[PDB]
Amino acid sequence: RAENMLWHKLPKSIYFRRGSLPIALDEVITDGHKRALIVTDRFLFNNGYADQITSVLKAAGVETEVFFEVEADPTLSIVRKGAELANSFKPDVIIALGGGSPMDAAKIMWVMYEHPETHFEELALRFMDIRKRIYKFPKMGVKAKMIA
Amino acid sequence: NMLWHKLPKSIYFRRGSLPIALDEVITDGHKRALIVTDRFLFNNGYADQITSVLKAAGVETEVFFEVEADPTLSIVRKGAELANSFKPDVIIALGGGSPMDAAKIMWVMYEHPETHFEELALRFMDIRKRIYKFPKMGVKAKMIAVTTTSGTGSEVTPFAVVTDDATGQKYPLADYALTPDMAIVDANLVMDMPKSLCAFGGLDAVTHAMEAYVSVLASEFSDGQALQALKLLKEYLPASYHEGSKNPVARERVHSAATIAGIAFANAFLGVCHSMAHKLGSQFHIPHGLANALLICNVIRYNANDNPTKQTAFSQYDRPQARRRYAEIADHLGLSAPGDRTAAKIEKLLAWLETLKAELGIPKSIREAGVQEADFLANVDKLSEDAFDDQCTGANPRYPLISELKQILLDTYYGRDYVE
Numbered sequence: 447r448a449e450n451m452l453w454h455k456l457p458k459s460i461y462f463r464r465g466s467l468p469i470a471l472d473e474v475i476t477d478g479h480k481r482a483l484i485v486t487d488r489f490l491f492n493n494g495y496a497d498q499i500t501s502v503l504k505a506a507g508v509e510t511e512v513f514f515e516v517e518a519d520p521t522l523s524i525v526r527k528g529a530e531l532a533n534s535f536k537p538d539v540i541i542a543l544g545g546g547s548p549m550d551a552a553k554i555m556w557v558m559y560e561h562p563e564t565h566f567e568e569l570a571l572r573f574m575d576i577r578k579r580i581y582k583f584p585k586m587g588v589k590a591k592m593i594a
Numbered sequence: 450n451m452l453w454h455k456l457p458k459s460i461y462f463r464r465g466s467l468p469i470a471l472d473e474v475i476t477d478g479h480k481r482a483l484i485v486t487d488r489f490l491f492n493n494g495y496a497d498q499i500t501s502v503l504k505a506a507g508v509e510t511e512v513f514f515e516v517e518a519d520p521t522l523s524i525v526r527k528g529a530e531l532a533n534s535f536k537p538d539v540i541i542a543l544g545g546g547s548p549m550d551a552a553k554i555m556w557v558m559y560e561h562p563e564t565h566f567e568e569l570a571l572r573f574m575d576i577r578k579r580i581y582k583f584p585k586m587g588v589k590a591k592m593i594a595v596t597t598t599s600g601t602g603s604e605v606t607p608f609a610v611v612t613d614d615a616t617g618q619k620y621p622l623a624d625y626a627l628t629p630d631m632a633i634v635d636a637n638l639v640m641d642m643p644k645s646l647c648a649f650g651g652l653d654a655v656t657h658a659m660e661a662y663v664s665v666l667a668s669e670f671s672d673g674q675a676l677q678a679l680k681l682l683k684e685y686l687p688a689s690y691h692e693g694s695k696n697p698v699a700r701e702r703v704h705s706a707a708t709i710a711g712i713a714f715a716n717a718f719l720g721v722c723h724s725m726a727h728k729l730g731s732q733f734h735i736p737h738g739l740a741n742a743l744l745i746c747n748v749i750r751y752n753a754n755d756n757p758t759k760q761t762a763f764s765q766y767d768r769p770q771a772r773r774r775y776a777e778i779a780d781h782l783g784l785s786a787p788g789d790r791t792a793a794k795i796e797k798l799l800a801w802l803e804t805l806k807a808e809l810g811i812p813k814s815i816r817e818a819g820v821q822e823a824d825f826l827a828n829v830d831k832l833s834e835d836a837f838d839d840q841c842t843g844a845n846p847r848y849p850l851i852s853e854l855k856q857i858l859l860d861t862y863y864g865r866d867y868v869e
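So the protein sequences, as listed, match chains B and C. Quick note on the deposited numbering: the first sequence kicks off at 447 and runs consecutively. Quick note on the deposited numbering: the second sequence kicks off at 450 and runs consecutively.
Think of the hints as simulated: they come from the structure by calculation, not from any bench. Backbone N, C-alpha and C fix where the C-beta goes; we use that ideal spot for every residue, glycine too. Hints may contain errors.
Unchecked claim - In silico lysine-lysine, BS3-like type, Cα no more than 25 Å apart, as pairs:
#	chain 1	residue 1	chain 2	residue 2
1	C	644	B	582
2	C	591	C	458
3	C	458	B	582
4	B	591	B	536
5	B	589	C	591
6	C	644	C	591
7	B	458	C	458
8	B	480	C	585
9	B	553	B	591
10	C	591	B	458
11	B	591	C	455
12	C	644	C	455
13	B	591	C	458
14	B	589	C	455
What the hints assert, rightly or not - In silico contact screen, one side only, chain B against chain C (beta carbon under 10 Å); selected entries:
#	residue
15	454
16	458
17	466
18	578
19	582
Stated by the list, open to error - Here are the simulated distance ranges between beta carbons:
#	chain 1	residue 1	chain 2	residue 2	range
20	C	621	B	473	17 to 25 Å
21	B	584	C	837	50 to 58 Å
22	B	515	C	578	25 to 33 Å
Could you build all of it, start to finish, from the sequences and the hints given here?
Here it is in structure tokens:
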């Protein structure tokens with residue numbers, strides 16, 4: 447009977463303040479990052495909620511594309527076509543937008559883009575609860591990284 | 450202005466977590482390992498349990514045990530020229546303080562041998578100013594931090610101090626990039642250390658969090674952790690001193706809460722209490738943990754006076770004050786009647802500090818700590834005018850003046866209190 451050990455795992459950096467997006471986004475420009483794609487929902491794009499991130503990116507100069515089809519609940523059909531757009535673009539940074547649905551689906555797009563050969567249904571029985579530590583995920587972040 | 454909250458990627462913590470955590474570094478691609486240790490911890494059986502399990506799978510590891518109580522820019526250099534003779538894949542640091550801050554400079558100058566140390570000591574001395582772009586690190590190696598002391602949070606914070614060889618001025622370094630990408634917090638490594646290191650490390654942890662809550666750099670992300678370590682140490686430190694290892698639950702709680710204060714002071718920065726204590730413990734050769742223990746009695750009252758001396762147009766218009774911030778702790782830990790004033794709560798908190806210090810067996814003043822009048826009144830000035838330059842990052846909103854920072858040493862030694 448081996449005693450179980452806990453953990454405290456978090457993202458490397460968390461930025462927060464009134465108007466902290468452009469300054470945090472700038473750091474990314476200074477680092478080597480040429481290609482990036484943005485995952486978004488529908489309601490906010492018709493508003494002025496998409497130019498505040500694209501315009502600051504175009505001024506420095508980077509290839510950004512529009513992904514405007516994610517609805518309230520991802521249905522494994524738009525994440526597949528998102529991966530199809532991902533490996534047809536070869537991005538270096540994945541930037542998620544929206545709360546809930548478009549940020550949960552961006553993680554799956556990241557896995558399927560970084561491991562095209564691995565089927566989704568293989569991950570449905572190996573990794574479904576964060577309490578086991580006997581099976582390891584294939585290493586990630588090799589050719590992309592996630593901004594939330 | 451724009452704040453942040455930076456932390457190591459993984460923090461494994463429980464009793465006997467070292468063998469399980471070390472398995473993670475062997476289940477992925479890792480063939481060469483480097484270990485940094487002190488003389489004392491290698492002579493006994495404290496740096497071999499990690500090595501045995503590491504060799505069990507099969508790797509190449511070696512121990513670099515020449516780090517003394519304070520790095521002098523040469524032993525780190527020696528290990529660096531050792532590092533480029535082995536091409537290590539992972540660097541594992543053991544010990545608390547000097548053996549851990551030392552393993553960071555070796556790490557940075559192992560990946561950038563071209564970058565001469567003078568650039569780091571001149572470009573990266575503080576973390577508030579992010580205009581300077583520190584070169585990327587972690588392409589050919591990663592650092593693992595293991596703590597063998599309960600009270601210093603040097604495994605999660607990007608702070609490292611080195612001293613010159615020929616001369617004696619300090620060379621502080623601070624860049625979020627020096628934080629290890631995995632920290633291991635184990636409690637079985639602290640089981641038999643005497644009741645003279647649990648009393649000074651614990652007070653060091655108390656000081657590490659008591660002012661991070663009142664620092665001008667405190668955000669809504671760190672007061673949740675600083676307020677917990679003080680709550681955790683006020684009910685387990687006394688039980689981990691009189692009874693020692695006979696109560697193993699208290700030791701685990703104290704050891705785990707030292708890293709929580711480490712998280713708190715990795716983001717917010719330390720006040721004047723930890724800068725004058727940083728020099729007074731270097732000239733008189735007293736250990737780190739004493740220095741911030743005797744003056745915490747008189748530095749708290751230094752932040753309660755109404756002196757106009759304060760950070761200009763800052764920490765006074767946005768931040769209200771620190772007089773009532775301390776009073777929040779007074780009833781957070783339950784040291785106040787339902788109806789009192791702020792002054793009464795401050796007095797009760799100071800009285801609790803008095804009882805905790807007296808019961809834990811530490812000298813009441815510097816005079817009984819092993820310092821005489823001969824080398825104090827002639828060196829108090831040279832020690833006083835040096836703390837002002839000592840990285841005091843606008844914390845302790847009451848802006849310090851040398852002429853009045855002097856009198857708090859002049860009255861701490863003789864044992865009296867600061868009264869205007």
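Outcome of the hint check:
1. 644(C) <-> 582(B): Not OK: residue 644(C) and residue 582(B) at ~42 Å, beyond 25 Å, violated.
2. 591(C) <-> 458(C): Status holds; Cα separation ~12 Å.
3. 458(C) <-> 582(B): holds (16 Å)
4. 591(B) <-> 536(B): Holds - the C-alpha atoms of residue 536(B) and residue 591(B) are around 12 Å apart, at most 25 Å.
5. 589(B) <-> 591(C): holds (19 Å)
6. 644(C) <-> 591(C): Measuring from Cα to Cα gives roughly 35 Å; hence the hint is violated.
7. 458(B) <-> 458(C): holds (6 Å)
8. 480(B) <-> 585(C): Cα-Cα ~17 Å, so holds.
9. 553(B) <-> 591(B): Holds, at about 10 Å.
10. 591(C) <-> 458(B): holds (14 Å)
11. 591(B) <-> 455(C): holds (17 Å)
12. 644(C) <-> 455(C): violated (34 Å)
13. 591(B) <-> 458(C): Holds. Residue 591(B) to residue 458(C) sits at ~14 Å (cutoff 25 Å).
14. 589(B) <-> 455(C): holds (23 Å)
15. 454: For residue 454(B), the interface hint holds, since the closest Cβ of chain C sits about 4 Å away, which is under 10 Å.
16. 458: holds (6 Å)
17. 466: holds (5 Å)
18. 578: violated (13 Å)
19. 582: holds (6 Å)
20. 621(C) <-> 473(B): 17 to 25 Å: holds (24 Å)
21. 584(B) <-> 837(C): 50 to 58 Å: holds (53 Å)
22. 515(B) <-> 578(C): 25 to 33 Å: Between residue 515(B) and residue 578(C), where Cβ atoms are some 43 Å apart, the hint is violated.
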